[PDB]
Amino acid sequence: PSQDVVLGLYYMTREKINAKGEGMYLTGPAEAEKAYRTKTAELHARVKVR
Amino acid sequence: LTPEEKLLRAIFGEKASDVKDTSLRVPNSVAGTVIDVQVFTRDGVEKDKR
Amino acid sequence: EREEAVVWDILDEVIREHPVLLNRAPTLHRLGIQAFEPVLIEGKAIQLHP
Amino acid sequence: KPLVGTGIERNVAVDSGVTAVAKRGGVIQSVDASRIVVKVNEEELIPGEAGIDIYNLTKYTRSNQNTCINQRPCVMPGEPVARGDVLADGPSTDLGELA
Amino acid sequence: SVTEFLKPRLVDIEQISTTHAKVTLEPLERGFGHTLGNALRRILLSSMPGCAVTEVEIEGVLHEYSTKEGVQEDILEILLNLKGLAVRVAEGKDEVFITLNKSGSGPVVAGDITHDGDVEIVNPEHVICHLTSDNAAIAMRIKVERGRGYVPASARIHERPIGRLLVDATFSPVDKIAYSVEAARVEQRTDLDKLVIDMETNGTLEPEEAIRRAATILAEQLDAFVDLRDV
Amino acid sequence: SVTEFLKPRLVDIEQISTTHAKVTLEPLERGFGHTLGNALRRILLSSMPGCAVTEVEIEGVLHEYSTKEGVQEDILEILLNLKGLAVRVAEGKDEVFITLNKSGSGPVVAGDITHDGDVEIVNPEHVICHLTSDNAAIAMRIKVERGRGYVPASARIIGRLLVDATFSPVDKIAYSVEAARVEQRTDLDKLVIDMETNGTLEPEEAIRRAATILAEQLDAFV
Amino acid sequence: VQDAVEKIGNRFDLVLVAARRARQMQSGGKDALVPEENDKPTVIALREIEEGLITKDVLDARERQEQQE
Amino acid sequence: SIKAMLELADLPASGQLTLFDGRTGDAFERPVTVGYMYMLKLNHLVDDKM
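Protein chains in written order, with the deposited numbering: chain A, 502 to 551; chain B, 895 to 944; chain C, 402 to 451; chain D, 697 to 795; chain E, 4 to 161, 166 to 238; chain F, 4 to 160, 169 to 233; chain G, 6 to 74; chain H, 1193 to 1242.
These are computed hints drawn from the structure, not numbers from a lab. Warning: the hint list may mix true and false statements.
Said to hold, decoys possible - Mimicking SDA-like on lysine to any residue, the simulated pairs with C-alpha atoms at most 25 Å apart in a straight line are:
| id | chain 1 | residue 1 | chain 2 | residue 2 |
| --- | --- | --- | --- | --- |
| 1 | H | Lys1233 | D | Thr763 |
| 2 | E | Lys183 | F | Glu207 |
| 3 | B | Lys914 | B | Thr896 |
| 4 | E | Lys183 | H | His1236 |
| 5 | E | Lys96 | E | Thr223 |
| 6 | F | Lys201 | C | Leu412 |
| 7 | E | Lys183 | E | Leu13 |
Starting from the given sequences, assemble the full structure and let the hints guide the process.
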């Protein structure tokens, strides 16, 4: 992949300090998506995921 | 005429092939409006109605 | 020539699993020609996978 | 017109010849989609001249690339015009500016 | 309670101008303001019925790429101007013919159109053309149809006498839709919200009628989910 | 007609499992796929009523960062396990208290919870913790409430530990809009919804209730 | 077509065998040994090769049987 | 001068606005450079090339 694809994958996988929902414990990827869609946590929130 | 064409003419007698249709047609995938028509006639040839 | 709907259904059934070859000049290596399954689209431009 | 430009648009529009530029000043006597008649000023007449200028506009003429050449009036009846003023806009021109 | 929600109601309609309005829906629970706002904006901007000019017949004119004596605009520009005509046609008629006859110098505007009383012109100041001579005269017969969406002349299914000019029709009267969700002061709760929809149209469609039509479309499309089954 | 719109004609429901489904509706008018899918997603994720674990009391534990001897999982992981506990509470009850007591060594699971008959655990095999020492016993007082959506512990900020409240039965919803054609109209939309619930509700029922909520929110206007 | 090339070994040989099978189903009256599923003869032949029903030796054996009959 | 012109017209001095996704109504996570560009239609039309 090149250009936008890479950029998107770059933006989604970056890390931000003191983002919304930091330190939250997540049951898995599905609950991470649920938290993102509910504006509970940002894409760049440092969490612990099973 | 191929023999089958001769038989077809014998069955249905229509035969009108004195002239061949070599006409000006709008090119395919072109739709528009006729905005001008110009007629040039050689000196010594009958001018038609148009 | 009259572009009936049944002609479009026949065209879909024809291209259902018929691969088609796409080429771009200059063909510097063999990846300049590749085969794809065609999906019929309304328009006049070929849609290419990124 | 371009909202952001450089200032050379008027030069190209005028010096290309696509527009209709007033040869002499005066008052636009009559305006129509195909004809502009200008009543010339009293200071710029050749002695014994009719005193009018007629501009016949090109309307929907094919170009060398099968495009449209069309001239549209941009003046009103009774409007004063000086020499060099744009009376009609050719293709890709907006009030004398290249568009 | 938890299982029962509060249904919004139409509490205010503000008519800033003939082509601008604000519609307030209250009360709305948490998150429902944004859901309803987006759904209503997408339905309003896409699927609102209206009336538009479709056919024009001008005396002595064979096609759009021509000129008429005493008229400053070309026929193409006149058709483009007619595309901006705001016409309200009485219910029960999906087709109407209006006439425009005018002689003498001056701007020929929409207020000079003769209609049979089942047609209302919303923008009489809309300029259609200019007659630049005292001898100049114009006589058009305009056809207005009801419809929905954008139907270009080419897309119309195919006799048509020469002189009849087809006009691309933009039936949707809605031009711009915005919406905001603000706090609502209801009883003692603080979780409720208020939806304000700003509508900029051409004046043909009323705000309340637009809101109810969008809601009707949304409910009819949701019925399939409310009765989920294999079809 | 100007008020006539296309309604879905082919609706296909495919059941991967008892809690996973894929619903395809076709054909839809241009743009309605995104409208319906997004509205249903928001309603199912943030507004669907349900019952969930909210608050917990563990004997000998005061803070969420404290340590308990004999349990392999930390307190935060125990709270995480309590979040994925599918529970039904009988109608007319908005608050229930269940208890979990177990002494020994091995996995302490959700089937070791004693209730008052108004609580149904859908996944008795869910592992709550792991006891490591035979001298260790776990005593938990779990609170189950009824709410709407996904309310985290931080949004709700004695010895009571707060658990993220997963009220909505919907665990995952994704929607895709593909192209669809009737006759020569190739601009129509097809809506595909991949849906997964916790087990309390079947996916079809959840879609029906979400659509019912949305439809009843528009009653005053139709 | 990874399964087909695994069952045959050579892509060119797979193309030749699938062409023979597709010509049998199209020009000849032979019927498919798998559910057609509204597929063209080429895809049917590829699926048959993947399932292990059609190989070069099988085709030669059936041709020999037809010649004997 | 550009920033002064933006300030006169009551617009952000950075030239970036907050845009919302019309499909979902959700705000994009970053301000977007929105403005006006002079764009041309070149004489390379797919009608003449298909």
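How the hints compare with the structure:
| no. | hint | result |
| --- | --- | --- |
| 1 | H:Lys1233 to D:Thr763 | holds, 12 Å |
| 2 | E:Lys183 to F:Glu207 | violated, 37 Å |
| 3 | B:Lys914 to B:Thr896 | holds, 19 Å |
| 4 | E:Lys183 to H:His1236 | violated, 33 Å |
| 5 | E:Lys96 to E:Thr223 | holds, 22 Å |
| 6 | F:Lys201 to C:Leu412 | holds, 22 Å |
| 7 | E:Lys183 to E:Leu13 | holds, 20 Å |
The structure is inconsistent with the numbered hints 2 and 4, although it conforms to all the rest.
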